[PDB]
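Quick setup: one chain, the form deposited in one PDB entry, written in structure tokens, and binding and motion questions come after.
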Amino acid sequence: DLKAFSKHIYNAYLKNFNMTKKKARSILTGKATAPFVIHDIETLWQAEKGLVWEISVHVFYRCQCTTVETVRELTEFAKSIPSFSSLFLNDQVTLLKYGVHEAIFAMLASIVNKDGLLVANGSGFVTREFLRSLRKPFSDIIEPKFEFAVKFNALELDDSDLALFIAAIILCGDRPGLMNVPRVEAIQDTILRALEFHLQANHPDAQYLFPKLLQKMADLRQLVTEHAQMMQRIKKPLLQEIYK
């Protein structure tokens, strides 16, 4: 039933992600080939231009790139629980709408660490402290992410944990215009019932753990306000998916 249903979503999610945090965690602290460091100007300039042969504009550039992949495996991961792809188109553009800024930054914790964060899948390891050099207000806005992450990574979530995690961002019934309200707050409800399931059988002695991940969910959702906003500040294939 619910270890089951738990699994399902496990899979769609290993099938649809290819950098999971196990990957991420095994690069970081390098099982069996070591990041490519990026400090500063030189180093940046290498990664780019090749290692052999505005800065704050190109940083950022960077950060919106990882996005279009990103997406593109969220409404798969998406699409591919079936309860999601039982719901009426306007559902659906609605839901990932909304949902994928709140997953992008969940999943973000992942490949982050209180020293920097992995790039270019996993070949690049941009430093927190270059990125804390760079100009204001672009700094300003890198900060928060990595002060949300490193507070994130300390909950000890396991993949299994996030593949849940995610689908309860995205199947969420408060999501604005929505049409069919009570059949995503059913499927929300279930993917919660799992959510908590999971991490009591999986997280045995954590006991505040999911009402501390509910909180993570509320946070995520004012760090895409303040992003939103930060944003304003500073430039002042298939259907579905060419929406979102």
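Under this definition, the rigid core comprises the largest set of C-alpha atoms superposing within 1.5 Å between the forms. Positions refer to the first chain, counted from 1. What changes on going to the form deposited in another entry:
For the residue set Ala47, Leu192, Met217, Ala206, core-aligned C-alpha shifts between these two forms reach 2 angstroms or more at a single site, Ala47. With a cut-off of 2 Å and the rigid core superposed, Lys136 has a Cα displacement that reaches or exceeds the cut-off between these two forms.
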Given for the second form:
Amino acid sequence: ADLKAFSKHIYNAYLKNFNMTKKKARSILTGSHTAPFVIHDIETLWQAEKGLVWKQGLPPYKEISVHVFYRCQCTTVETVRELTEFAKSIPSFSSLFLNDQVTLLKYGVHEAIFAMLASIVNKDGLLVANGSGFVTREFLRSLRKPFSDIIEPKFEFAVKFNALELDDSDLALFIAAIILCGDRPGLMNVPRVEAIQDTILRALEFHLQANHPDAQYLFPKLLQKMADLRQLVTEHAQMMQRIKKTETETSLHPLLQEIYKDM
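Next block: the form deposited in another entry, after the form deposited in one PDB entry:
No partner chains or extra molecules come along with it, only the chain itself.
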């Protein structure tokens, strides 16, 4: 009863904080939705940059690989900010000690970003420019190493994740559970974190029961994906650290350096 209303509240805050929903993404990738402009090479990328409207700008005078790397960074930073406002809409999150709130966001944001990233990806590429662009996976592998390497595993994770067929209402709860994880390092009051988590997790288990009646082992399967995202994020961080040391003409945004750093 209260769980059902809890889940609805989390879902609304998710809808309030993130513009691209899985529902919208899927109705675009599948086809009242015009087909997105396909970015498959440098020319189409340049045209997409000139023609489409994006949320922002980037450093000028950069080779393509690096330029695309900064676009992604800029998008990551914006989602970190959306996730920060969303976690503030999670009942009690704002009750935690300041250090804990920070610690949860620091260690959980990329996990949430990668779970949500799947909504806009298929095996062939992903939506960009808020759904008006579609960048092909082949075009991305055609970029310079090590930049062509960052994304492949996100694609691998996404295609497996998408087979679970979650919808926005499931994802909103999944994302709160990821942020309210009691296993982060340096947590001060973990019992207080796990108390808020258990509520979200109870709301989720029940929610999936209602929303996926003919899917028996979905709940635990979801908790396992959380394990997958954590490994995905550890790898991603190492990739960034190496690019940082290996690519002198590139730099990590301040807020992102502060995240990849400690982890």
